[PDB]
Every structure is written in structure tokens, then in C-alpha cells.
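The chain that follows stands alone, in the form deposited without this ligand, written as C-alpha cells.
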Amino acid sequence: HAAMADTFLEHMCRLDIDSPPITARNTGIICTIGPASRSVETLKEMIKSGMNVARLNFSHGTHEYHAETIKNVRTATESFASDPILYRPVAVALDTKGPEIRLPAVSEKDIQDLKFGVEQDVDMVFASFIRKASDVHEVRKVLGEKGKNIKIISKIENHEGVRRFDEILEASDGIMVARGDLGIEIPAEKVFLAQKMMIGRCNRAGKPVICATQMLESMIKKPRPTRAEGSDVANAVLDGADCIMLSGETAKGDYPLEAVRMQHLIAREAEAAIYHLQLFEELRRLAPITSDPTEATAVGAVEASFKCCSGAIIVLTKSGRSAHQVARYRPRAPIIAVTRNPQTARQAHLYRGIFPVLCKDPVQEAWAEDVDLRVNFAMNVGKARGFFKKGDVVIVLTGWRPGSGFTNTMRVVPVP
């Protein structure tokens, strides 16, 4: 294994089209559900193709039509639960209508929609047309105490949004760059600047950023994308997007499965071309000195994974927080997060590199025995999926006692 080039120009000159990527795919895929992909049979196919999140668009349709979509997604998802080693969690996301002309943060219709999403147990909310930090605080208040674990992703879609960006990011759980709407309010040749500014600031803060709208638009009518569309998805992944989103392509178009399969192939290839040497150097130089044990353990773990070219980082997590701390240093290796909390496993799709697995097994009596069981479970999953094989090296992160907030141990172990 040869070292990475010393300059950015030398790195580019060395890229190779005869060099197979690794089996894992770090970037998450979000699909809009609509007339062309509502059926249980089609949804089973989208799941096997690589869909992680199902977005429902509350611009159209009644509550009763939407509740029958949520039921089909869940049926499709549980059809795979028979074999715990190959089961994939799938999140559900609710997109609001917002202040729209066909004005206040949350309209009267949006109250009803948000309140409906707490009852149906969704994982995240995409709030349309956010202009200031007090709009996010309004949405957090309508979800109440019952929905205090639902994540809010703020949609940036006008000039005021871009100008007040830093205060919106401090209030939100994540950001969505909404290129369609944004490309009407500002001049279209400036959209690429707003996109890169916003991906840059979220990477620096360690928060999730989603790139949306018109990514594979020609695949509505034809089964292959144009040359421009292939380069637009790759460039979002190389700038640093956590997830990419399909709209029309999966909702209304003629080839929903081919579009999901195209995003899977491109993203995997772009991930092998990241210049990891310079990116990791910069995120370190920019990290605070702090007495927090969990932060010190995460940066240790990422640093060791580069030195031994490991096949994975295995993290045990209750709330997700330990896996989110490893993911902000952007390792090359996949992060396999093992959890017993089903909602923690659905939300972990928003962070780049986290591959979440749900442990079904009952708690053992001896606590050290319970810990070994979950580590062995994560080894079997990585073997079945082809992330590594017997005799390879993995990093394992754990804590010193039960409960959240005590991750402090990093081990380097051979795959049994």
C-alpha cells in the first residue's frame, strides 16, 4: 500500500479508472415516495437497491392518503426482519408545505401536519423556507415534549436564509440545500457558490448537510443519465455532502429503480477519490483542545484506522452520540454502529459513513458478557456484507460502565 501524493495536483494526476472501489458506500440515499413507487412490491426493490430514507411531500394529498404510504414503507421494511444479520433500518421523513403562494414560520396547515407526524412516529422533519433562528424555535415548540427526539433539518431557499445562515445552523440539527427554489430567488449562476459555502460551514461544525433537487432529472424519461448529471452527483460527494436526494426521478418518473441504482454506483466511485491526507490534517488543526474523554478517543480511533488500513470501526451506542463523533473526522473505513434503540438506528442515516445495525438479542446477566455479544454480532454483519474477511484488522470502541456518555476505550483486533 503506497502513500498518498504530497500535493493536490499530484493526487489528481494519479486517479485511475482501473482500480475497483470498496464494497461499502458511505453517502446516504433519500427517495421521494409518490404514484410510481407507493406499492409494497416496488418499495421492496428500492430497499434492496440502496434506499435509506423515505421522504413524504405534504404539498399534496390528504392525511389519509399519507398514512397509507407510511404503512406500506413499514410493511416493506419488516419483510426483511426474519434474518437479523441482513436487516436494514429505513427512516421516514416528513416535508412540510411552508409559506407558499400558488408570512409566518408555521402556517395553520403546518401545525396539523407536524402534529400528525408525532402520532405516526416519524424520524425527522424537513422544515420549508427557514429565514431566521426564531423560525426553528417555533417548529421545536409545536412538536412539544412527545416529539423531542425528532430531528429538525432546515431548508435554505432564499436570500435571507443565506445571509443569516450561521444562526440558523446553531439552532438546527442539520441543513438541506434546496437548489430548485434557491435558483429562482438568487441568479442561477450563483447557486454553485451558495452550495459550497454551506457544505463547508456544516463540515466545520460537524453537522449533517443534504444536497437536493434536479440531480438526475433526465432519468424521468430515459433509462440513462446525461454526462452533466453524472458529474453533478460526484461533485456533491467530493465537496462533502452527507446525503443526496431524488425527487421527480422516484416519485413520478418511468425508471425509479434504475435511478436509485445509478446514485449507488456513482457515490461509491466518488468516495474512492477523496484526498484523505489533506482533509484529515485540516479537520484536526481546527479541532478544539477539550478535557472530554469521548472526543479524545474518537480522534485516536480515526488516526489508528489510517495507519493499519482497517476494514471498519465498530462502535456500541445508545443515543448515537459516540458514532457521530467518529463520523465528523471523515474516516475512509465504514463505521458500524451497534444499538438496541430502533429510533437511534433510523436517524444514523443522516451522517456520512455510519452503517447502523439493530441488535435484537436479550440483555445478558453479566455486563461484560453482553458487550462481547454485540461486538460479535457486528463482526458477522461485516462478514456477510463483504466489508472484510477472517484475518483482517478492525477498531472497536466501548465504554467502562453502562449508560450514555462513558465511551473511553479503543482496541485493535483481528477478525475471528
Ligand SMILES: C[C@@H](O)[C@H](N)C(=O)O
Contents of the next structure:
4 protein chains.
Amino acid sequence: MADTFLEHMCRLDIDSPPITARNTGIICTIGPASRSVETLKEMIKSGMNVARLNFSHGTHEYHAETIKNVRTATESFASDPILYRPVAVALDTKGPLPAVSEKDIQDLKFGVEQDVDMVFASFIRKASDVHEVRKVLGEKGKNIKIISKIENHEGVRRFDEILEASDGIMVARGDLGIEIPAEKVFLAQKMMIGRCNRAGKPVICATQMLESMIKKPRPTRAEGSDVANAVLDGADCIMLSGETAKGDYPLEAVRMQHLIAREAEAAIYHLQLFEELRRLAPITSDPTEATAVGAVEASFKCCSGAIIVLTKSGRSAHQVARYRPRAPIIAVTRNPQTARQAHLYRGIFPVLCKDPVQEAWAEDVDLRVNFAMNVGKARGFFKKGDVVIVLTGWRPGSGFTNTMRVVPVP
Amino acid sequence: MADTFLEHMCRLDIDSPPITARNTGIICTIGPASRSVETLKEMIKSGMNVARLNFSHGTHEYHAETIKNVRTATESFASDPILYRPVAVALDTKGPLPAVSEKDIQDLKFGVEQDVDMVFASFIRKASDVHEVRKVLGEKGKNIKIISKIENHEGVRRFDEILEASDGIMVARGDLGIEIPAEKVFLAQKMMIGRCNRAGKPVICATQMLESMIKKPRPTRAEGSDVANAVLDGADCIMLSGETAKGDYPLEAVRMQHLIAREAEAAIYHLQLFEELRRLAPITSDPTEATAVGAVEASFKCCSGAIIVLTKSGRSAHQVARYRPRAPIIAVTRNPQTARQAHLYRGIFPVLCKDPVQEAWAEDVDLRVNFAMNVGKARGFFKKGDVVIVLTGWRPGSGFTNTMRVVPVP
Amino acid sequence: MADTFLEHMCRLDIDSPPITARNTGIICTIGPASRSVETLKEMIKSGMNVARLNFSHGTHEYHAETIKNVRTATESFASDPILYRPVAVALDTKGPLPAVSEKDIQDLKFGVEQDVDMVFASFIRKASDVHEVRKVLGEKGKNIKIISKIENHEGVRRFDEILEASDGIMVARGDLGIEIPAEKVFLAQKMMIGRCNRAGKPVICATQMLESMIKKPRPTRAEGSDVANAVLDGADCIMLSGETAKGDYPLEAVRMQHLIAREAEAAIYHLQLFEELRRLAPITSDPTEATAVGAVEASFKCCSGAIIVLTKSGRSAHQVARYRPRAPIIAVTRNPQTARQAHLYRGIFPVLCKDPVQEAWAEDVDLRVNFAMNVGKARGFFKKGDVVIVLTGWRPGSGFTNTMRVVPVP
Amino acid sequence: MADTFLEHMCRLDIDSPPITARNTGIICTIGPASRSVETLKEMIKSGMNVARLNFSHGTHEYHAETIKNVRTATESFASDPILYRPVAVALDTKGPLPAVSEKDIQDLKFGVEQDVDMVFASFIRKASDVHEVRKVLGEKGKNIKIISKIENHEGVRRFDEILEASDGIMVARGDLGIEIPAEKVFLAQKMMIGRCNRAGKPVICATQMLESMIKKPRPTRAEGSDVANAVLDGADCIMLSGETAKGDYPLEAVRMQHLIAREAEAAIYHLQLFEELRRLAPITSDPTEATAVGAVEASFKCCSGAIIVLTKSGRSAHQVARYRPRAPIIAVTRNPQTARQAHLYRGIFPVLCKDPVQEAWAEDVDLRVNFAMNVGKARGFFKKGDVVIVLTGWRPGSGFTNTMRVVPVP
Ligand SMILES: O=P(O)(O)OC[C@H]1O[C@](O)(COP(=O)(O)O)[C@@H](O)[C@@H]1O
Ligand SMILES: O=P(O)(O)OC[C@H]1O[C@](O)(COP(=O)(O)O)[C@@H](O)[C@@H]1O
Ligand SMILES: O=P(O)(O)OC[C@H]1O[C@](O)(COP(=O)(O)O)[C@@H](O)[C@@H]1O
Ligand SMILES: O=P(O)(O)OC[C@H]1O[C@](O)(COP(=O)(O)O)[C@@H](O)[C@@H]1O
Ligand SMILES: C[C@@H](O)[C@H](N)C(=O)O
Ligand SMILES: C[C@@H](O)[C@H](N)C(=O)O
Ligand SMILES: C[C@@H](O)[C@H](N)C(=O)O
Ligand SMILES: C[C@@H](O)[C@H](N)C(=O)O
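Target state, the form deposited with this ligand bound; input state, the form deposited without this ligand:
Complete assembly follows, chain above in first position.
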């Protein structure tokens, strides 16, 4: 509400409570210390959204035993449709030299077979590397998202063409810190989050985020600040590498990542952010992009508890996320793959609707809107009497999102 | 589209054509040289919205002969519902001393009987003067709008309480220029338009706007600049006093006021304006105020040709007007008094729907939306294939406006 | 002091008194009704800075009789060095076809002989017209300023190259209003003042400013607004054509132009202006441009009564004027031609020092600074105890202005 | 140079080299692993400005042996006046209950005797605690700076009155993280740096900044980001606790703190910063505050290599520092205590002039200005031909700084 950024800082208060919604997603690496169906259930309850499998080490048989476990734990909560949370799987290729080695070709092939939701591609140096990965996945894996790991000086120098070729970006700070002067990594990180924010592409901040929590149940002051600063810069997700894989306190690390992220999302200077994104937004005759910027403006003005968006490809939810609302974006979808991929975008809380398609199309749209009202009350994002923004289209199918209603919570 | 106001000026081009819609309303005084049913038809075609009757001079019988003429000319175009334009009548009291003299009490009483749409109240010095006028009008005239003429130093000094008590304001520069130093009038004018803009109340700029056009068919360079500068400041309507009443060129004066106003509406620096109005807009749980700010933001982003708003009391249209969109605001209403009062607010092009109320309420809402698509094509504000913003409510009656759809022109 | 432009308007007050300094210069046309040595004395006291001679009509002998009169009236006040005001002469060519007709060649030649301070060149259509005028003036008139009158659509279309070729610009609204649609003139005027402000070139706003004051001792409301709006746009000088030449009230017109201009200079939104000029100012290693922007920033922060600048070519004073300070700019110079040309730039109050050059150069700089303190007290711009910004160089000669001192008034 | 903060981020480049000047000061704790006269020399060369002694542990005799060592190492470089760097000593009280325990009274008394430059006061909960410390120091220690360590929830809640009572602030994150939820520490840190920036008071960011560098010669990615983020927030100094006291790599830690800080000072968005500080700066008739804001504006416009400021109490240098210039601020002083205290303020590079006071006061001012030109060339902040801003007063003694000259480097 402050007019300067300096006044905004000065007004920050450690007594003012945060909101119940977390906006930043959480990717955890699954290793030895978290592979168990019991430990996984606890991390899904602690707010893990994305289970990452590292194909540096292990056979295909070890990894397929990890994928079974992740899915078993996930489907354990499937009985209550209101409380179910979809969990994505991510494959992280070893990488290199050629863009795709012989090992990677078999791994990527195994990924399509095991039905992963995304691929983190290692050692991306140019757009033609991303085209090589996309070809190997084929037509069977055409709906798999490719996140390019930036890891060297040439990858940084040619960032713009890689971002145009990708589905999103991973600032992989470990390797980036080996191949450039460690004092410069913070600059590369901010440049890349800036540019991904402007394109509307998801950026993941990774590596040595909670490093001291491998051995001790509490982070250092630096680690608390680091996670919070990635969140304030505009990272879409944050990653836990060794902390979840090999350390002694997997759940504590996930719980610490949850707490920091809510707190830092309450320190964002949204008025300057929403403004700056708009003065950069191209005017077009696209209804969907107009409905979305309308919805974000409305939500500020009435301080809505949520933006509800009905989505098949997730595209309509991605566009709202682009404008960085303060309310959580509840995306309702019948497509299980769409619901898992949604975790990459800041703000989107996906909910998977299981109810069958009613004969009357307007009855079917009402069912899904109420479903999303139930989830929001259950999870405590809003209470009966609050105001929500619902976003829908004028006919069935993708690409027709045109309507925006301001409704009282039933 | 420029980032500074200085760059915005520098980019202005005399070769770039204006839009077909005029946003600033036109009030003309009816005198001897414009009282005729033939001259009136020509001024309605030239874009007169409000016919003002000056109760300084003339009997009640002379004035009732003016009102008959205004209405006859108006109803002559009533055969084509698409082309009909509603025309308001305004009563301008003589005024004073007491707030309401004996003459004014009879005049205001005559106004209620003759069914005027608004009253310009002379010599308003304090809020309790506006309360006196409101009492005299009674309950029979409770829906008549009271516009307070500011005309002296005490009226200026106590502006804020008068604006809170009024339905809108008239900067009456003639008398204001007699009672304060003429070099200060420009300051008082800007202060008052600033403050009325911020409250969302209509302000009228009046007196000696096209003074040289009483005798000559062309204005001076100063007069062209004056009308344009009132428009750029944010006046809702402009007034022609002697030029339409007594001069030789009534139609030329109306036609000159039309041309200047379109041109100056294309020089507004809308990005700074819309921004500044929002940072001053109180957050509330009012759906209507959220739907409206959503609609204005959407309309910028898709450069829509029009905002269509369905309105009974006109209230929903007043709220969109508050945010100063660049598109014309087509307000569709079945209430003839609402359609005439709408001329006071910047941007609102009212259209009066005559078609009977269909049994199905959604069919009835569709009828009025198509009606407003027909008027916009006919008048040339948009063509089939263009994008419009339609604004409607979720149930019948006032105060329920909640929906905003981005639609292709049928 | 307000953060928005809307808040700035709303805060304007007709009871808050203006400052004693006028910032906008005044050019008056000398005709039959103002040619007399007695009437001229009265206009110099009323605040005429520039006497313009129209070479449309009259012989060389009639005009040389005007120049004698202007100079006699001027030199009458020369006895008191503190109160003396320098008065420029301007020649306005008839113009056309070729850039310079045969008549113009003789007139321009007569101008160099009679030692005019500037030339208003009529019907400038392209940069090569300004080069033709510059060649005719020769080397004897190389220090004469050429102000290009814009008067047609091609002159407007090619504005940028003319401004690069000129010493300043005159928006000649009369002819510009004949050759383009009168409703567009206000746009051309603002474009040109925008662009001259950004280049740091003087722009004059001319023609039909106080047109009703030819016959009546009081302006219309439109005329009061027009002069004020040119001042608010950023015109450097304003012009009186027929009002001073042929009308009944020459002194009243000059006195009205004085009053309006002080009042409108107190409504400028200086914080946005100074900001926007800086973000457009190229960084360079030029000391003079750094000393000047330093001085304008200092003057805001201490609300100084004046910027004193010692100047030979006037160049140092032109650079301060570029940043549009709120304090008057007292330019002290020993060069009589520099002191007359200074009237073209907004803010500069020139003072001509007559005292002989002291042997010690620092004693000579102190003499001129005290001289400028005396003039400021005498004219009432500041009183003993107030804070002023003094601007000087490190060695004698042009181009060395480097020092900026904040001093108490002695 | 970018117009948004988002564009500014996007333009950041890891190939663009930083400037030679560091702006953020470095405080190192002296413990067992850095107490030696040989190790100290190496840390002074690596860019240690402030040697902090922790009075938690050790006798008075152990500490007085540390103070001797620090001063011996410092005075070893005193032979070359151009290369000498002044080094401050800081006493950090154990603290508590009463504001000052019995131990603290003896320690503070020992501090005055040993002639320390500042005191870090532990467990400050209210303004009256700072008054207690100030009384104990007496009149013998009246020129010692009191930095209040904030360390609990009541210290945070009553921040404003403590800041008004203090000479500066230390965000002590270790203890602050024990007494409030660790996820909130980042918020408290930013609030406090915001508020100290606005008051113009030095803020120190402390504790677990390079924690992994106790055992390993390289920081984690989080630690690189943490130091950089404190610098970007607007911390004046950064602190190394255990890393310099007990760890294996004292010099590597100091060298890493140097590198990160130059790099992060090249990512500041100075245009928004300088703007926001000015719109918050009170207008006053104080010459010094006007000369200072003038100097910072000039330095941006000519991209000066340095601001040279001649200072006795350091006050004139503190005021320039307040506006956060991009150039280093070379403060020239004959007062050794002033030169050591200057390390607390962001940007000030103090230089201690040893040359005797010349008879002619202007010759004496020229001597010190040239001295500061020599140091800047020697250290590589600028080269002959570059432009510098020199700041001086009109007479001898404190409080008279009024002049600002833009000069070529001799
Ligand atoms: O984000 P996407 O993939 O464009 O989906 C948006 C679509 O969702 C809907 O609101 C619902 O349509 P379905 O019932 O076919 O899912 C459509 O009106 C709209 O076009
Ligand atoms: O501007 P008002 O007076 O609130 O009118 C808005 C009303 O118009 C409607 O859209 C149409 O309702 P009606 O059919 O009763 O006119 C309502 O849904 C809405 O509440
Ligand atoms: O504006 P100009 O023509 O550059 O004049 C500025 C000059 O005026 C001075 O301050 C005074 O010099 P003079 O005594 O020679 O006029 C010089 O130091 C400076 O270079
Ligand atoms: O920052 P401080 O303590 O006010 O010192 C500024 C003083 O330094 C000077 O420039 C130099 O004076 P000294 O020669 O007495 O040090 C004075 O003109 C000015 O008043
Ligand atoms: C960001 C947050 O909403 C997360 N993706 C979740 O679904 O819980
Ligand atoms: C402003 C403009 O729309 C006018 N009120 C009209 O109805 O024509
Ligand atoms: C602008 C004002 O200062 C004028 N030029 C004068 O000298 O009086
Ligand atoms: C900040 C930097 O200039 C430091 N104080 C030094 O003197 O080296």
C-alpha cells in the first residue's frame, strides 16, 4: 500500500500473520533417506509438489522402484477427492561433447515409458540442444515439459534463444558456481529470473538452499535469507537437493521450506510488480489474455481470497499466474497430467476433479466451480461470506476463456 | 504508450485520425435563436445531449413552450430505435441572502411538474443550501440531480462539503471571475475538476468557451485551446451559453464543440490517469466496483471498441466512467429518466431499449446486449470482428453487477 | 509536494499568494497605439521584455523611427543600474515560393544595420530555409538569433530538422489555424512545446491570446485559461499581437499577461517535471552541464530565492533554464547583446553590469555577485537572511563554469 | 539506466566488470586464529576496516594484548601516507535484567581507557538502555559511537525510539533468530535496514554470513547470495563472526567478502534509490544538506570517479553518504578518530592527512584536495583526465560546507 519501495520495507512487521496459501512450489530430490512409502506420505503432507529422480546414479530398476513408491504414497490420499494433492515426477538427465549422450537417449526413452511429467535437461548450451531433447521424446512424449538447466558461461551468454526454445528454466547454482566466479552467481540468478518473469516462463531456483540442514535440524541465518530472497526475486519453485536425498532431516527441511516461503510471499511489493508487468504486456485481440489481466486487477481491488480458473491444457491458469496475483489460483481440471505440470507455475494450486461429465454443459461448469469452493474452505484459504473471482469460457474445449465473475463464497 | 508525460506530448501527431466516439457531453442553452423545432432537430443531429433553460428571464408559459419544443424535436427521431438519442432538460434557477428565494421555490416546483432531469442550483455557499433545494423538490422530485453552481469565494472555500452534498458540480466561470481576481479562475477551475474526478462526481465546465462565435462562424485560437484544455483537465461536459441562445451560428458552435472534443480526447495520457485513479481507489468487498475496475483494465489490454453495461439506476455505468476508459461506455436501460441523466458522466453513450421484457431472464439480457451491438455498428464505434467488453449481473434488479465477458462483435 | 498529478491539482489554492518573480517572458508588437516614447516607458514598467516590429507593413524609415523610440524609452531608466531592464528588439520578416524573397533580403540587411537581437523568420518549411536566412545575415549578423515561425503542414511534418537548424521556435497559431483544421492547432502547439523543452530550445506561443482586450479592458474566461495553459505546457515567452499594436488598452493587456503568468507558474508540478527532464538528460563529462543540474537540485532542497549565474555568451544561464528551476535565474553579464537575448529563455532575469573590470579577477567575480544580490533585494525576490545558489567558473572566459556555492543573502 | 526494476534485473551482465572501489565496509571479529601481528597485516591488506573484540570471553589483559597487536599491524603501513588505511577498534559488551550489568560497567570503563572508536551495546530493549550506556562512558568517551544490537522481540517492537537514541544499529541475526521464529528474521532484517536508510543512520548486518567458510575455503551458494542480498538491501557494513575468530581460512573469508560486495554494488538500481531518498528528504535552509544533494546529483550526471569531501567531525561526509552515490566518497580529515569512525557509513573511503597546517587557509584546502587526488590515482579509482566532485566550505571549522566544484583530475 506504500508509494515507495523504501516505505514498503519500513512498514514490514514481524507480528502481522501470513496467509494460509503458499505460492512458491517445492521440488524435493528422492534419495536413500526419503525413498520409503512411509517417508513419502509425510513429505506429501508437509507440502512436496514435485518428486525429482536423479539419473546420475542408479539403474533403471532402482528408479522404477522409486516411481512406484512416489505413486503409491500419492494414491493413498486419493480416497478423499477434496484433500487429494497431485504430485509430479521429474527426470533429471546425467547429461555430458554432444547435447544428448547414449545414456541420455535410453533414460529419456525410459521417461516416456514411465510417464513422467517433466524432464530437467542437463548442460544446455544453445537452442539446438533443446530441439535434440524434444526429438528424442518423440510424439509419445510431446506433452512432457522440458526445463533447461543452465550450468555454464555459454548457456548464460545465449540465454534468450534457450528460453524461447524451452518450457521453463532451472538456475542450477552448484555447477554454475564451478564454471563462473562464485561472486557472480547471484547476478546470473537475478538476470535469469527477471527474464523468465517477463516471458511468463517458470524458473526454478536450485542447489545449496538449506545445506546446513543435512546434519542439523535448523538452517543458518544465510539459508533462511537465501530461500526468502529467491522467493522475493520471483522464482516459481525452489529445490532441495541433498537435504531430502541423503540427510537426516528430510521432513524438517520440507517444513522449513514451507514456512520461509509463506513469510516471504507477504513481503512482495505487489503494486510495483503488477504495474511493471502490465506496461510490458503487449496489447492483442486475444480474449484470454484480457480476461486474465481483468481478473488480476479485480482481485487486488476486492482483496479476493482466490482466483478459481477452469482449465484443460492449463493454459488459462498459466496466464493468470503470469500477472503474479496475491490470491492463490485454484485451477480445476479433469486432466491428471495438467494437474501435475501446474506445480511449476507460481501461485497455482491445482485440484483434480474426478466427478463424471454432467449432460448439461452449464451444470458441469457449476459442479467444478463448487468443487473448487469446497477445497478452498477445507484448506482454509477463505470462509463463507468471502469474495472470490471465478474464470470460465463461453463454450467447451481449449482456448475459449472469456467470462470473469466476482462471487460470494457459498 | 510513452513512459513520461514529456515523451507523450512529443509523440502527438496532427495526421493520426481521432476515434468516431465523443466522450465529453454537450449542454446548450436554449434561447431565442434556437427555440424552434426545426433548429432543435439540427442541434440534436449535431450532438446536443442536454437542453438548459435559464430561469433568469421569461415567464413559466414561455419556458413550458420551450420544453414542448425540445421534446417534440427529440421524439421526431423516436421511430428508429437504433438511431434515437435521449436528450435531457435542465433547469437553471435565478438564485439570490437566503439559499432559495421565493421565485426559486415556484420555479423548482414548476420543474418537478414539467419533469426535468436535473437542476442547476445558483449561488451555493455551503452544504445546507443543497439540503434546502433537496427539501423543496420533495419526494416527487427525489430522482432529480442537483448540480451546485460554484460562483463565489465562500463556495470555493467550502468546496468539499458541497461536493459531498451534491450530485455534481458546475464551474460557473463568468460569476466566479467577477467575485475573485480573473487571473485566479484557471486555478479554481483545475482544483475543482481534480477533486470531482477523485470523488467520481460529474463536473461541468461553463461560460465564455466559444465567445467569439456569437458574431463570427469561427473561434479564436484561445477558444479552441480553452475547450480542449477543459477536456484534458477532465471535465465531464462543456457548456455553450450565449453562443446557442442569442448568437448567429448556433449549429456551427455545436459542431465546433463536437470536433475539438474528439481531438482532445485523443491527447489524454490514459496510462498515467488510470494508474493514479487506482492507487486512490479504496479496497472494498463490493462486487460492482471490482467488476468495473476489471472491465476498464481488460479494455486497455485488448483495445476494445466499447464497454457495454446493462443498467437500471445508471449506477453500474457511473462506476466504469469513474475509471476514465478510452472506449465509449454504451449503457443500455429501459428507464427513460436514467438514459437522460447519463449525459452528465464522461464517456457514457446511453441507449434506451424499447423492446418488451422477454419471459426468460437470460433471453432478456441477450436481447439488450445485441441491441447495443447494433447501435455501435450503426454509429461506427466498431465493426464485425472487433472485441467488446460486456458487463452484466447474476440476477434481476439493481446492485448485482458481477459478470464481465470479452466478446467478438456478432 | 504531492505524489500524483491528481493530488497536486486537488491541493491548488486560490488563497495561497504567488511569488514576486515572473518566469515567462513577454513580447509585444509595436504598432500605432504603442509607438510613442511615453507609452513605451509605461510598457517597460509593466514588464515588456521584447519589442517586435512587423515588416509586413511600413517603410524602412517608419521602422527606424520605431527602433529609435524603443531605445530612447529603454535608456531613460539607464541612470539607476539596479533598476535598469534590458529590452530586446525583434524583426518579423513578411516572408513568402523561395525561402527568402527580394523584400526579405533588404529587410534582413536593414536588421543587421539597425543591430536587432533576433529575427522571426516567416514560412519556414525545411532546414534549408533556415540556412538561407543564416547566409543572408552573414558574419556581421552571426550573433543574431533565428526563431523559425511554423505556419503550415510541411513545417509541422519536418519539425525535427528545423529545430536542429534554429535558435528557437514560434508556434504562430493564426496562420497555422488557417492551413490546418482549427481543432488540431492545440495538438500541434503541445507537440512543439514538448519537443522544444526536450531539446532545451526556447519556444514562443503567439497570436489571439488576449483577442477580446483589443476593445474591452478585461479578457474572456477562455483567454485567461489560454495564456495560463501555454505557461503550464512550458512556453518560454508569450506574445501579444493586435492587443499592443492597434487596440485601446496596450498597458492593460501587458499588465494582464504579467498577472496570469505569475499565477500559472505557481501551479506547475515541478517534481514530475524536474524528474522527467533528468531521465532524458544524456550523461557527459561536460563540467558545465553537471554544475547546472547540481544547482537546480540544490535549489529545490533549500527552496532558494534565486540562482545567480555569471555569464558571457549566456550559455551557462541557458543550461540552468533547461532544467526549469522554481527560483528566478539572475544572469549577470557585461555583454549588452547577451542580456537582451536572455529574455527568450524561461526563468532568466538578465541584469547588465556596467561597473569596470577590477584588476583582481576574484574581486571582479565578487563585485558581480553582490551586484546581483542588490537587484534581487530591490526587486523583492529575496530578503537578507535568505539562501541563494551562486554559479561561477574557475578561470576567465566562456565555457569554464564549474563552481556552485549555497550562500546567505548579505 | 532502465525505466523499470524488471528491465534493470534483465539487463544485468556477468561479463560487465565491476568498479575498483568497494562501498560496503568489513568488520572482522579478532579471535585466536587472527590475533597475530602477521595475520592482521594480511587482513588489513585484504580490506579489513574494523577490528571487533568480543568481551564475552577473555580477561582485560588478553584484550589489551589484542588492541596492541591491531594497532602495531595498522601503524606498520603508516610510513607511506598515500597507502595508509585507518582501522577502527570496536568493543562488543557481553550484556545481560538491568541494561548494564557490573561486568559491562568495568568493560565500558576499560574501553574509554583503551580509546576504542565504537561500542556495540548488547541486548538493547528500549531508548533508556542507550541512555544508561551513554552515561557510563561519561564525558571522556563522549565521542565514542554507540551501536545498539537488536536481539529480541521488544528491541524490534520499540525500534524507532532506539534508533533516535543511537549512533547506529546492528541486526544481530544469531540471537534474533533464537528469540523470534527463524522464518521471520529476514523480515526484521529488511524492516530495520529500510528504517536506518531513511534516518541516514549506519546499519550493520551480522552473524552466519559465511558460516561454511569456518571449515572449507569456499562458501555455499546460499552464503554468496546472503552477503549480496544484505548489500542490495542497503547494509552499511557486513560482519564476520566465527570465520575470522576461530576458523581455518580468515584471509579467504575476508577476500570473499571483498569480492561479493564489489559485484553486488554494481547491481543496485541507483536511479530508483536516489529518487526515493529525495522525495523523503525534508526541505530546510541548511546549506550543508543542499551542497550534498547537489553533489550527488552532479556525480550521476557526469559519472564522476569520486566525491572528495574535506571533513573535521565527519558530518559533511555522513550527509553525502546518506544519498547513496555510486562514486566512492573520499573524506579527508586531520582527525584520526574521525577517520576510524567513517568506516561505519556506506561509501566513505577515509584518508588521514598528516601534512602540517599551511599558513594560508586556501593553500591548506588545496593541499588536502591534491592529497585526495593522489590516493585516488594510487588506488585506481580514477585516472588523469577523469572528472571529480570536490566539496568544501567557505571558512575554517565545522558546519560551514557550502561549495561544490566539478574538476578534471590533475
Ligand atoms: O486453459 P484452456 O486449456 O484453454 O481451457 C479453457 C477452457 O475451459 C472451459 O472453461 C471449460 O471447458 P470444458 O468443459 O470443455 O473443460 C472452456 O470454456 C475454456 O475454453
Ligand atoms: O446499475 P444498476 O442499477 O445496479 O443495475 C444493474 C443491474 O442490471 C442487471 O444486469 C439487469 O437486471 P434487469 O433485467 O432487472 O435490468 C442486473 O443483473 C444488475 O443488478
Ligand atoms: O556562460 P559562458 O559564456 O560560458 O560564461 C561563463 C564564464 O563566466 C565566468 O564565471 C566569468 O568569467 P569572466 O570574468 O571572463 O566573465 C567564467 O569563469 C566562466 O567560464
Ligand atoms: O564536516 P564538518 O565537521 O562540518 O567539516 C566541514 C568543514 O571543513 C572545511 O571545509 C575545512 O575546514 P578546516 O580547514 O578548519 O578543516 C570547512 O570549510 C567546513 O566547515
Ligand atoms: C504454489 C502452491 O499452490 C503449490 N503448487 C501447491 O499446489 O500446493
Ligand atoms: C459523451 C457522449 O457519449 C454523449 N453523452 C452522447 O451520448 O453522445
Ligand atoms: C522571465 C522574466 O525573468 C523576464 N525575462 C524578465 O527579465 O523580467
Ligand atoms: C566502504 C569502503 O570505502 C571502506 N570503508 C574503505 O575505507 O575501504
